[PDB]
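2 protein chains.
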Amino acid sequence: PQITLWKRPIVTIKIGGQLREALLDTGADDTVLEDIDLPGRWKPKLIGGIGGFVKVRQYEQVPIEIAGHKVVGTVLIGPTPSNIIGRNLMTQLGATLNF
Amino acid sequence: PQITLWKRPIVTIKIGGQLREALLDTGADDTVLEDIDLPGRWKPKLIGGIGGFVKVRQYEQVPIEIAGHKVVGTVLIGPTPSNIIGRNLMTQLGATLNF
Ligand SMILES: CC(C)CN(C[C@@H](O)[C@H](Cc1ccccc1)NC(=O)O[C@H]1CCOC1)S(=O)(=O)c1ccc(N)cc1
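Chains as they are written, first to last, in this note's numbering: chain A, 1 to 99; chain B, 1 to 99.
Treat each hint with caution, since some may be false.
Copies of the same chain are indistinguishable here, so a pair counts whether it falls within one copy or spans any two.
As the list claims (entries may be wrong) - Quick list of in silico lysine to any residue cross-link-like pairs, SDA-like style, CA-CA up to 20 Å:
(1) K14 x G68
(2) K45 x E21
(3) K43 x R20
(4) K7 x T74
(5) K43 x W6
(6) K70 x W6
Don't read these hints as lab results, they were simulated from the structure.
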């Protein structure tokens with residue numbers, strides 16, 4: 001698809017058999033989800049945004065479906081006011097910004 | 001232009017006779033710049049990001065050039081680890097996300 005930016009670029013995701021929504025976020029290097037429990041081993045990691053920093057669980061080689069496209073990559077789990085898909089996964093969709 | 005997302009989508013801006021760089025940020029509703037002082041009246045505003053909240057100055061009807069395109073709109077000034085161009089201004093470029 002091609003979408004305009006008059007509203008937030010929210011898409012449907014499926015991860016670990018759970019369905020959620022997430023914001024396509026060209027400002028975010030990495031994907032961050034709050035409302036999802038993932039199984040298996042993880043690494044503690046601190047991410048920085050506007051206002052300060054949050055402790056996140058880093059999960060690697062996570063299968064995730066984004067707007068219908070199966071990819072596998074790194075998903076961070078921790079507090080975020082919005083689930084965000086970052087460039088780590090948007091590059092696997094071949095996503096582009098156009099203006 | 002069309003850009004891919006293997007690197008951060010950074011563009012050159014000109015605002016108030018000052019040249020800066022900023023991130024094209026589909027995850028950001030509003031534009032936020034740190035490293036620039038703007039003239040005239042403003043309104044206090046609090047914005048929320050991943051890591052809490054910051055106090056910003058809201059400046060309205062600010063002339064700004066983004067990757068060569070003159071627009072006028074609202075610019076928030078306050079602490080941000082990266083200057084960000086949000087959807088408020090990217091909609092004036094006719095920007096789209098494609099995948
Ligand atoms: C340069 C920063 C700002 C990058 N952030 C992404 C931005 O899109 C961020 C995403 C977000 C959406 C909803 C609520 C809160 C935050 N929008 C944001 O703060 O919107 C504010 C600023 C004005 O408009 C509102 S991040 O979330 O800190 C981040 C950082 C690192 C990683 N790996 C992942 C995410």
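Right, here's what the structure says about each hint:
In this assembly of identical chains, the alpha carbons of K14 and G68 lie at most 20 Å apart only when taken from the same copy (9 Å versus 39 Å across copies). When the C-alpha separation of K45 and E21 is checked against a cutoff of 20 Å, the pair qualifies neither within a copy, at 23 Å, nor between copies, at 28 Å. In this assembly of identical chains, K43 and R20 lie within 20 Å of each other by CA distance neither inside one copy nor across copies; the values are 23 Å within and 36 Å between. Only between protomers do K7 and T74 lie at most 20 Å apart by alpha-carbon distance; the minimum there is 17 Å, versus 27 Å within a single protomer.
For a Cα distance limit of 20 Å, the shortest separation of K43 from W6 qualifies neither inside one copy, at 37 Å, nor across copies, at 24 Å. Within a single copy, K70 and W6 get their C-alpha atoms only as close as 27 Å, which misses the 20 Å cut-off; across copies the closest is 18 Å, which meets it.
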